[PDB]
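This is the structure I have questions about; it appears just below.
Apart from one protein chain that is not included, each protein chain of the complex appears where it belongs.
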Amino acid sequence: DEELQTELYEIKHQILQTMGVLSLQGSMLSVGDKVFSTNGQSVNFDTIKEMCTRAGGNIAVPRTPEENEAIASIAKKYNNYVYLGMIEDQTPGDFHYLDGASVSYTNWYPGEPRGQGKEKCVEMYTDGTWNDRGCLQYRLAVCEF
Amino acid sequence: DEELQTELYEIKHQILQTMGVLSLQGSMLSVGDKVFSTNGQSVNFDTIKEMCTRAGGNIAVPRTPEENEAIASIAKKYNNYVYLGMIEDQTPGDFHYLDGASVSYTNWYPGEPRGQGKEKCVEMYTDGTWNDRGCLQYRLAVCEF
Partner (left out) sequence: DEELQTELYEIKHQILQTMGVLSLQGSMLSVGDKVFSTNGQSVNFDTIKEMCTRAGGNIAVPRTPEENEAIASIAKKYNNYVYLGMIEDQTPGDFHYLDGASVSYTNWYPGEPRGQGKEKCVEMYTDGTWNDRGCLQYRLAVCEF
């Protein structure tokens, strides 16, 4: 109806306002329909995952060059590597998103991955390239919503 | 209709994103349908009330164990007592929410309350238990929305 179109207008305006404030202050990065954010903490994979799910999101994982660059800027900003939301399959060298799906977009640093199943996790260098590594290091916690 | 179901989807997704960012960064605590937050200030009862109403909320008051524990964690976090949204009735020993209703859930520290009408307000210890006290002390301002 009409009164509905009005309601939805204010609602959408208010959401734009809150998101604008959050982005202006650098509390989050918006890329397409995905929002990235970090609590500034450096912890291991399992810890990061918990923090993200607890906030209603998931450990971040880039699926496009633009998403990858957004995460890289946060890593650069806090000057620390970032654990991405993906783990190695049974067959070494092969990685999958946590939902199980096979990884499509990748940005491995030349030569990577090369840990032969010893390094199940994936960390992002400050330049955005990836490196498979063990899941017990302390990495910047970056979540996506 | 259909286009409406689509609109509402993005709107709900965007709200989840902003709330997720706010919770991930510890700017707020979500418990059920209630959101708690503090400006980090330590002021008296009347001041806190003003700050909260000015932000569009109310001075926090726990009505369930989970809500009580959420507030307690903030008190613990800032290491300071928290004034709760409730005041003593005419009959000492009896307290009511600011809307007038009688207090149901309580978590008095053993022996409390025992100020015999001299202490109209209620402060929360860092362990979550309550103590009736005067309303002129400087306590962490915690609001609920």
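As written, the chains take the letters A and B, and residue 1 is the first residue of each chain.
Operating definition for what follows: a contact is a pair of C-beta atoms (placed from the backbone, for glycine too) under 8 Å apart; a residue touches a chain by one contact, two chains touch by 3 or more.
**Q** Which is it among A:25, A:79 or A:91 that touches the chain not included here?
**A** A:25
**Q** Since one chain isn't shown, list which residues of chain A touch it in the complete complex.
**A** Missing-chain contacts on chain A: residues 7, 10-11, 13-26.
**Q** For chain B, which residues touch the unseen chain?
**A** Those residues of chain B that touch the unshown chain are 8, 11-12, 15, 18-19, 22, 27-28, 33, 35, 37-40, 51-52, 54-57, 143, 145.
Convention: only the chains that are shown with their structure count from here on.
**Q** Between chain A and chain B, what distance separates the C-alpha centroids? Give it in angstrom.
**A** Taking the mean C-alpha position of each chain, the two centres sit 33 Å apart.
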